[PDB]
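To begin, one chain is listed below as structure tokens, in the form solved without ligand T9G.
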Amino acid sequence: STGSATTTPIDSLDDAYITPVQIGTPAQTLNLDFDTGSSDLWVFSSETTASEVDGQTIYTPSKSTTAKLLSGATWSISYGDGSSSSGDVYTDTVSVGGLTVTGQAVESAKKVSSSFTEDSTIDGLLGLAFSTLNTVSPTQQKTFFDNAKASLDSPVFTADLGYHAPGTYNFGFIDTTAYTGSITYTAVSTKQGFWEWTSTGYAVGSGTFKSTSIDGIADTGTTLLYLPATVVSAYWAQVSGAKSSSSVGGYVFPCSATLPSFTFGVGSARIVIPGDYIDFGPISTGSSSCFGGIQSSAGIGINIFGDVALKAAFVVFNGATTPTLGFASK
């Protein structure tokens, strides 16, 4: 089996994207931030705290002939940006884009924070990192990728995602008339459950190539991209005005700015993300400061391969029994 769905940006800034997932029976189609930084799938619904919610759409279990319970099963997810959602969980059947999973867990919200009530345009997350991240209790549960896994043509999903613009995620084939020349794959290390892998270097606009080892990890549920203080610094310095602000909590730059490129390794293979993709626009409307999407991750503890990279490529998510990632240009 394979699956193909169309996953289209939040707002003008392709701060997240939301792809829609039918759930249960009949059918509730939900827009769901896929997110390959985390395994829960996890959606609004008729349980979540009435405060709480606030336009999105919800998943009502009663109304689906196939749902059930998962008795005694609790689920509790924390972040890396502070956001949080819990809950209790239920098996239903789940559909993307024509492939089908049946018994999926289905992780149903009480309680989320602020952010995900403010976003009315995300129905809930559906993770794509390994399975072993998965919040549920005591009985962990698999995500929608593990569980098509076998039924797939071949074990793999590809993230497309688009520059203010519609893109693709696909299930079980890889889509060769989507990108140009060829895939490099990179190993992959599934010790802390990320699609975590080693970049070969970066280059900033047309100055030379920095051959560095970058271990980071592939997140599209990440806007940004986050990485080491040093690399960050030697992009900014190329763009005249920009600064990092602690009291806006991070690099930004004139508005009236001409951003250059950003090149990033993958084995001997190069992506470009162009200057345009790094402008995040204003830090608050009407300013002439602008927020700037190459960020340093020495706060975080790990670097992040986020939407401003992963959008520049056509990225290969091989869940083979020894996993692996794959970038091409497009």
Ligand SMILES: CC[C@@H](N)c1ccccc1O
Given for the second form:
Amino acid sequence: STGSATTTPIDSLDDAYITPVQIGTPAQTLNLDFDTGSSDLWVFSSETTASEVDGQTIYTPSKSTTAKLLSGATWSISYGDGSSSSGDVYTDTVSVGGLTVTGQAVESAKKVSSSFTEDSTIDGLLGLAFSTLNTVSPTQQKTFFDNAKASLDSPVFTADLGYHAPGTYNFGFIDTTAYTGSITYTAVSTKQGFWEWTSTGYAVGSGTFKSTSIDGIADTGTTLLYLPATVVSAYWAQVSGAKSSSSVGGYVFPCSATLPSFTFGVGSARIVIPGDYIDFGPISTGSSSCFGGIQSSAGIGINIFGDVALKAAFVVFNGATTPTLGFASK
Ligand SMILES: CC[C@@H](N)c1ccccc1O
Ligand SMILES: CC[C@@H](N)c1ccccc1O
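Show the form deposited with ligand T9G bound, please, because up to now only the form solved without ligand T9G has appeared in this conversation.
Expanding to the full complex; the earlier chain stays at the top.
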């Protein structure tokens, strides 16, 4: 089997991407944030505290003839940005782009943090990291991809995120028309539960490539590119007037600037992020200070190849017995 679903930016800044997901019988379609940095499929629901729901579409398990309460199961998750959610668990039929999993754990939120409430465009998350990170207790549950894997034509999914445009998540096949050149594959460590890999270096604009190992994670659920402070400083030094602002929370730059590209290495291959992809717009409405798309990871503990980096590539998440990642230009 295969599946293919269009993923759409939630706003004009590509803050995140939403993909429609069918849950239950009859189907209830929710728009979920596919997140290769986590491993829970959780949704706003009829059980979510009413004051914490503000415009999201909810899953109502009582209206699904295939929903079953997973007795005794609870979940609770905290994300790298400080947001969180928790609740109980159903199993139900879940379909993405024509690919159907029966008995998928659907984690129903009883509580969500304010950032989730305040964002009406995201109805939940669909985790695509390794199932070892799943938070369901006392019996950990498998991701959608883990449940589908054995049925897929090939045990892979691909992320093809758009810049200011729609894009595609495919399951079970590699669309050879969706990229240019070849796909370069690189080793993955699953020891932390992430799609963790080592970039071979970087360049700023037309500058020389610096060969240096940068360990990080491929994370579709993170908006920006988080890299070591040395790398980030070298990038922003090429933008007149750019500076790190402690009050804003990162590097800002004059909105009148033209940003240089940023290149990262994948083996001997190179993925070029155009300068425009690094512009996150005024820090507040009407400001002439703009927030940068490349930021320091120093306060995270890991480097994160988020959407800024991934949307410059066609990315293969190869879930073979020994997982690997693939990157192609497009
Ligand atoms: C918007 C870019 C375009 N290549 C595309 C993206 C997603 C789905 C269909 C399409 O025609
Ligand atoms: C000024 C941009 C700011 N709202 C932002 C900061 C980090 C990640 C995404 C974002 O859009």
